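Starting off, we have a lone chain in the form solved without its partner chain, written out as structure tokens.
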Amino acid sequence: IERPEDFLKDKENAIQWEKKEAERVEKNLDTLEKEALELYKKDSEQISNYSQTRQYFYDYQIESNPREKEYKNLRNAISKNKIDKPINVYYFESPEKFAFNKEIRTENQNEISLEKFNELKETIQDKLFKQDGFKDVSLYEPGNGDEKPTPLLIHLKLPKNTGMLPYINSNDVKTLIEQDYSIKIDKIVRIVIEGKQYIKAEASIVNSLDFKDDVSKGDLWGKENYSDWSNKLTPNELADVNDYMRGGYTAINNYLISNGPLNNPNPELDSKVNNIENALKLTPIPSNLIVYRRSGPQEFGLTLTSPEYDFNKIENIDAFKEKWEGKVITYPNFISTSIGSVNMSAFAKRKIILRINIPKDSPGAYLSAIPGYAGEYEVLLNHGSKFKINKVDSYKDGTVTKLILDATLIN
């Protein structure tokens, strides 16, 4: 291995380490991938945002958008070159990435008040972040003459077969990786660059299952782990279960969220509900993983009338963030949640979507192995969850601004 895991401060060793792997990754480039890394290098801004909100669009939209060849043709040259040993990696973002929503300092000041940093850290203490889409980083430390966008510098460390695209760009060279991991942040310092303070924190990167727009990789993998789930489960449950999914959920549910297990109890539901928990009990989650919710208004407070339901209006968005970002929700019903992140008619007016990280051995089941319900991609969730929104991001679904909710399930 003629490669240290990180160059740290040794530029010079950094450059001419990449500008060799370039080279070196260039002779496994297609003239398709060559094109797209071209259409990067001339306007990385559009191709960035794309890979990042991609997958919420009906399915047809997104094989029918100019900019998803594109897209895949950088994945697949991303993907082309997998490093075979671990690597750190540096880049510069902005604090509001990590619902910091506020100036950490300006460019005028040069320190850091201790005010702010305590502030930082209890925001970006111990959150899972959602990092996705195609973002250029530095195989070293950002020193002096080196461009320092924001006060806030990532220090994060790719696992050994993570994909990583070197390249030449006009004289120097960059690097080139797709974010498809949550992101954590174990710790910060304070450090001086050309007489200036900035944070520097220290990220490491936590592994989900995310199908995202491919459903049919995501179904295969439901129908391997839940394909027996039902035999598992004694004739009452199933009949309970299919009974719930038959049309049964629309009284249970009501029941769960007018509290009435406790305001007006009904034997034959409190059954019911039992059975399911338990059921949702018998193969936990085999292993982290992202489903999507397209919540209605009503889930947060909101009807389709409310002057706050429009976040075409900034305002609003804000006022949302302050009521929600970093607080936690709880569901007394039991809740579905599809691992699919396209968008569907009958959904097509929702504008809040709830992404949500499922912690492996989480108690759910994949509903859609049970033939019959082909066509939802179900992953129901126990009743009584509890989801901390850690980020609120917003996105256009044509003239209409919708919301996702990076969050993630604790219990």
The other form holds:
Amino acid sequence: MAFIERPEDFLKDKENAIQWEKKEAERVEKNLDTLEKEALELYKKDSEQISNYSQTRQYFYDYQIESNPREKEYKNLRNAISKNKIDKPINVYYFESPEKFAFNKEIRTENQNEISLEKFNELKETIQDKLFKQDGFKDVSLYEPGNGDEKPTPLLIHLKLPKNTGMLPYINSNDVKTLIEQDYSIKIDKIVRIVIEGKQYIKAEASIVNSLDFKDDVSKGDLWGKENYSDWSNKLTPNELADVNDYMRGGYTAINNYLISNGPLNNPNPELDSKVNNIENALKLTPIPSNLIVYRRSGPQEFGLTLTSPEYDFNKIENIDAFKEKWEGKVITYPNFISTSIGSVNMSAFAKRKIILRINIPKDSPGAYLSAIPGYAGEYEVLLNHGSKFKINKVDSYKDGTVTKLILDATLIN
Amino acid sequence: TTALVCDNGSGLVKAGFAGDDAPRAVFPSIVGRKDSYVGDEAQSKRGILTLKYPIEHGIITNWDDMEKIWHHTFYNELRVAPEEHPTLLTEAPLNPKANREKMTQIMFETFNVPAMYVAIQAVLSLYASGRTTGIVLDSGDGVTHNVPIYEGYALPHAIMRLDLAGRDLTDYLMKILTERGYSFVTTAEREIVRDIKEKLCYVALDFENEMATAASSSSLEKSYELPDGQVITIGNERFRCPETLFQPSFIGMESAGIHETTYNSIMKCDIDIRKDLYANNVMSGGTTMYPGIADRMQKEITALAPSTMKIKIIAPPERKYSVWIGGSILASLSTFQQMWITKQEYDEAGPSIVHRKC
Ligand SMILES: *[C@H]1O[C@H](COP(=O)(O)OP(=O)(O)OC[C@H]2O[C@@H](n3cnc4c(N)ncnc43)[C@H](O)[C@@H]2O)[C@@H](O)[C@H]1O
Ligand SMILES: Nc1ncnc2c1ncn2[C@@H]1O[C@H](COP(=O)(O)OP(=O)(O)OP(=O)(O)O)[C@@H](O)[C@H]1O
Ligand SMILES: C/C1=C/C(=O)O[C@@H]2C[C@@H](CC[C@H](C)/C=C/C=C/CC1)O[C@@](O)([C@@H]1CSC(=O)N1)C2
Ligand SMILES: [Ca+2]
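Next, report the structure of the form solved in complex with its partner chain; the form solved without its partner chain has already been given.
Then the entire complex follows, led off by the chain already shown.
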């Protein structure tokens, strides 16, 4: 028997979950125009690729993105999902590959029924104190898989989705399904070892952290930046405004090579020391007013490589393995000030850079939308404070033409 | 009553009188650091002094030094009083607003000019060839830009920048000649290598082909006499040097090359004008002077554009001064006279009058 209001979590009540979601599909079908339906039908036929496109579409030139015919499907299916917002939280269930959370080995083989203790602690040590960014279309279940359900990995994600989360219940052949577009980071609050049909699984109790991620929508981003940092060069003491502009108009090279070389300890210098102090407090003036995703296409020497380093060839899988082995899960420090952008799109000036740093910036971190100053060299730029530390949560790779590039999912930990 | 045209670049200032067909003075955009030193006379006193370049990548970054450049321009190069001449200045594409305002403030408050104007360099270049629509590749000593222009209007959202130009090419040629077995490293040696670059380099139509050929022929080898009389030989360095423009990775840069920035710029423009841009690719600046650059650009753009596209690269013999020439024509136009910002307008509205542009 069912209550007349749904619960936040159907748990193992498979039967009410399915019937409820079946009625939801039927209601939601009344709100979709045929372009949305067509997009839904196309999704059933071509799921993998439509989902794969939705994960990495935002990293190309603005004009390449715009010319891509897969945009129609992306935009129309996104819109279908966005229409249908839940009016209170709901918990969902899906399986995930462990390498998704940077655990690049099997928890157990599909033939093993049990998971070792050390495996368990290794997973736990890998996946906690970490925000993992998620993107793209995903099918999720409203009930915990049980006896007779498809169970493709030893890792079950049990995720709480908040109010106003877009969700698209639908029917495919004889299955009731639920579609979301991931646009948030997940926090694994707890893992526990359970058993289902005679095998041990890891169940991850997970929740969501929201952040402004403008991706390729640089106009919306720039609107957001301008309307948050317009006042900002008004609130700078005149002493700060000069050093900022000095930095901005080519001073950054002197200031940053000073920081990187430990000048203030080695061959100290009072003038540009007051400059570092002024630029810093300028960054403390309007702290980043929401959780925010920014992007930086990094030079290879930020990661101990050169253009000609054979280990910068990420088309070779072992070079990707090696890079992960070196950097994934590590914290990383920039003694210099660093530039990032609100936009994810590729650009002429960095067109060939292979390493993209995709950074989570907590609300109130020091920084500023410098591109609220008319005509600044940096495209949609956010400047972060000297000595910033970034935890590298996860390394992904994608294909830009024939070239393999990396996306470093990272978090500003101050 | 004769207007002045001052085209201030990263490496060179080109200056003269509106109505003339060439600048009367062209001198280095350097300051020695009126006891302080500028222009040609600052090079030989370096010194208890080294040379400073106040314009970096097309942008004025030191205003004190820039006042000295401009003082030197009026008094020593042109030998005029600034109070007696309307002065047309040039600026880089996307020059910050505050920068424009500061140029205006200095002209009126420091130099007391009766009138002035700031023009976009790429636009003047385009005007010099009698055009108002086209995409300009402007490559000098310090910066290179693509600037698409439609009926006299620069389209700023489609402007592509590269901080790679003549000086990087000179410096690269120093390195690869040094790898050949010579030694080119000092500031004086950099001038010599610049001269070698200007006299003997060229852009290969097919780079990999031309590298294969280099190991075979010596019809590509050329010689050059140093000031002390040593005659040196230069081979594949002739075309590897400017190849950097199309392959910025040669100097460790991960930016798009100039064919790709040209294409990117066109793709950021309205679909309806793109054929106008493809058919009016105009080159200006000293770093577009390489024999073979136009043919190579033709071929590279052809590889990127639709097979049905009509592509034309316009590279006038005068293109090393087409910005200046464009300013000279402009400042002489009857319809331009209403556009000068007068001293009275500055008094009335302050530096921000440059954006209204009178
Ligand atoms: C358009 O292009 C330029 C400059 O772009 P960048 O943001 O790459 O310039 P940076 O100053 O950030 O890069 C300087 C070079 O030094 C390397 N780097 C930077 N920080 C470090 C650290 N901390 N450690 C080792 N290397 C570092 C970078 O890889 C880069 O090569 C500008 O005009 C834009 O508008
Ligand atoms: N024949 C030539 N071949 C190749 N390069 C040349 C030639 N003549 C001049 N150059 C180079 O062109 C550059 C100067 O050109 P130009 O005066 O247009 O630049 P600028 O205006 O000083 O700099 P920018 O426009 O980058 O601010 C120098 O680097 C010079 O070596
Ligand atoms: C004929 C000529 C052309 C020129 O463009 O000079 C400009 C200006 C010059 C200033 C420094 C020297 C010492 C003083 C020189 C007086 C020079 C007139 C030189 O520095 C450049 O040489 C740099 C270095 S090497 C290069 O590629 N750009 C560009
Ligand atoms: Ca110039």
